[PDB]
Every structure is written in C-alpha cells, then in structure tokens.
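A.B. asks: Build out the structure end to end from the sequences listed, making use of the hints.
Number of protein chains: 2
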Amino acid sequence: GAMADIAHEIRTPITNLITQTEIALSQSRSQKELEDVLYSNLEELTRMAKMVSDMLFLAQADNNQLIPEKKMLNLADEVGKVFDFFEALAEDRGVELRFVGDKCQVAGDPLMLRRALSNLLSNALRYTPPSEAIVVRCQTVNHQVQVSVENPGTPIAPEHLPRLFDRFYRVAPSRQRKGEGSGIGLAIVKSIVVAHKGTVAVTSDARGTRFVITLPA
Amino acid sequence: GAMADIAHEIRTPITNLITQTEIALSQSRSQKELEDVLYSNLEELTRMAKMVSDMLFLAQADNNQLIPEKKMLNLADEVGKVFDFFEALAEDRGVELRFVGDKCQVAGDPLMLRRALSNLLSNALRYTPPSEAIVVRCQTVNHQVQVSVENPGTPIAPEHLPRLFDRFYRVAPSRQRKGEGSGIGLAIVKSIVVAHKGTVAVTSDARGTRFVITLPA
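Protein sequence lines correspond, in order, to chains B and A. Oh and the first sequence: position 23 is 286 in PDB author numbering, straight run, nothing missing. Oh and the second sequence: position 49 is 312 in PDB author numbering, straight run, nothing missing.
Mixed in with the good hints, there may be bad ones.
If you want the footprint, here are the derived chain A segments under chain B, 3+ residues with CB under 8 Å [unchecked claim]:
no., region
1, 268–276
2, 298–306
A few chain B residues that face chain A, going by a derived Cβ cut-off under 8 Å, partial list only [to be verified]:
no., residue
3, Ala270
4, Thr309
5, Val315
6, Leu321
7, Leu329
8, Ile330
Calculated directly from the structure, the hints in this document are not laboratory data. Every residue gets a Cβ at the ideal spot worked out from N, C-alpha and C, and that includes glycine.
C.D. replies: Structure, rendered in structure tokens:
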C-alpha cells in the first residue's frame, strides 16, 4: 500500500543526505565546498517536496474530488505554454519539441491538461535520444480528440506497458538519483484523463513509443 | 485517505529543512556558520530516518509480516531499559517515572514490546503536567498480563477514545514539531499488541488517562 510505497521512495534519498552530510562534516572544508553540499542537499529535498505535492494532487482523485473545470481550449496554445517551460531541458538534451495540429480544439481543464502534458513531456525527455524530436500530435478522430506524445527510443517491454500508470511503478530500478519523476507522474496523467471521461493508451516498438490521450469531443 | 495522510506528515520536516537550507545559502556565511547549519540538518535527517523506519515497521504489520519472536520476559527489566532512555526527558518536564510490578513476567518479543512501551511513554510525556507521575503498572488479571501506562492531565473527549490508535489521528491540530511523535506511534503500539494476540484499551476521565496492554499469560 501507500505506507510501504512512499516509505520505500524516501528511504534512499534520506539515506544519501545523511551519508553525504556526515562525510562533509568529517573533514575541514572550504566555505564553498560546504555550500556545494548544501545545494546538493537542497536538490534532493526539492525532489522530495515535488513528490509530496504530486501525492496531494493525486489524493484528490481518490475521494473522487478531481473535478475538471472545463472550457473550450486551443490545444496549440496550451502545448506552447508547456513547451516554453521545457525548452531549456530539451536544448540541454539536444532534443526538438514539436507540435502537430490543424486548428485543434477540445473542452477541458487547462490547468489539469497542462499538468498531464508536462508529465508526459518529462517522461519522454527521459528516454529520447539526442538529435531526435519529441512530437505532440493533436487531431479529431471519430468525435474524439486524440493528443499523443511520441518519442523515439528503446522500446518499453510488454510486461511494463499495462503497469506504466501505476503509482510508484518504475520500469528499471531507476528509482534513482538526479533523474526524473516523483514516481506518480504517469498515475497523475491517467487520473486527469479519466476525470475528463477519456482514456490513455501506450504503444511501444522499434518505430517509437506513443502515449495517447483520448478525450470526448 | 492513506496517501494524503502520509504526505501531510512528511511535508513538515521536508519543508523545514528546505527553508533552513535556503536561508543558509541566501547569504555569504562563515565556514563555522555553515558547519553549524549542516550539523543541525544532520539532526533533522536523523529524525526523518526514524520516521520512515517507523512507516516501514507499520507497513510490515499491515502486510501481516509482523511475527513476534517470543520468549519469557522479566517486564521489570524491560520497562527499566525504557525508563533509562526517557529519564532525562522526564526530568526536564519535572515528571516522575514510576514502575509498579511484583515479579511480573510475560511471553513476548522484547524488542517489539520495548517499542510499544516507549511509544506509550512518549505519548504520556506529551500530556502529563509538571510535578506529576507517569506510572507503568504490571500485573496478572484473569490469567493475562496487563501493562498499564497511567498519566494525569486533561481528559481525552469520548469521541477521540476509539480513534486514538488510528494512524495519523490527532486529538488536536497541535504544535507541528518534535514532542508530538511520528503520527503513527500509537498505531504501532496496537499492531504489536494485536500481533501478540493481545488487546489495547484506554480509559480517560478527571482522575487520569490509562493506556492498557493486555497480553496472553
């Protein structure tokens, strides 16, 4: 349950902080060496606070109080707001962020949908090779809107596919240092999409990995 | 819900550490000042490490993996060990620790029963007025061993009595640091006792509050 899952998420960052602080204090360090330990500590603590924030959001969905406040959205507009916050991360990794859509529009909660799109982009940036593009595609199909986040990379093995949106599920034991993920980013995507009466789907093979949100239209 | 409760509990220590760290890094401070910050941090991280381990302990009970390794115990000796660790805390508050037993013996897991007794003593020390006594009484009643932890102080209102051992249940949205316990100390007491095929009970009125563990004998 949550007790074991959350404790096992935090046990190792806590352990690292003690370990590195204990090491730092065992020897006489310069003033800036000590500041670098603090900044290092702050980075880990910051990830922990993000995990806490994510958990409180997801908790709304349990208790069934995740209630989208919907209006007609221009998805080109909303994706662009998210790209602006990921442009530096993308440039560092050497990846293109690309939007594809032809006047694509949908009723939805923009706060929640930007959160879902952000979590899908954070996921894709973990796995996309340099000199490739992450593509966000939007289109209307059979009176629904499909929004897909597509990335080249190593395929996700079948055993993980139905598990990807589970709370604190991780494909590799990369429950890890300095990487990415609260551990419930994808669970948050699915909860937002289900609250919009939609579904999420993933396909993954040699041609790429595709996370597809289907929303009523 | 479960996740929300845990999120709220761990948030405060994370938030405090982040705040202290940020304050520390906001100005150019001495090598000595930064040492004192990191040492203080070390102390808080140590407390968070106790918190997570308690969570893992309770999760073990939840999964029905709390299996007591029982042997015949001299409870005067075990309570003695616990009093030794709480003596300075009690003295600071001006509270007497008193044990009452007449060759009291019971079959139990000593590490676990000491954990339960410590948690009850922590609880009592939150609420016992200065110049009063906390009494730990051990006796046999109807062929069972009863260990009671008794403290004077403000009665617990009836609505709280059946909730006292619930994880993260708080009688009062109290102070937010340190004297409080983990939020799951009393849940851990109940889990340990139930795993011993015992029960816990509480009575509370103007004459005092009594937490009683009953164990097979």
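A.B. asks: Determine for every hint whether it applies to the structure shown.
C.D. replies: Going through the hints against the structure:
1. 268–276: holds (count 5)
2. 298–306: holds (count 6)
3. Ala270: holds, 4 Å
4. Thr309: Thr309 of chain B check passes; min Cβ-Cβ to chain A is 7 Å, inside 8 Å.
5. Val315: Interface hint status for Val315 of chain B: holds (5 Å vs cutoff 8 Å).
6. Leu321: Given a least distance of 7 Å, the restraint on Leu321 of chain B holds.
7. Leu329: violated, 13 Å
8. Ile330: violated, 16 Å
Against the hints set out earlier in the document, violations occur for numbers 7, 8.
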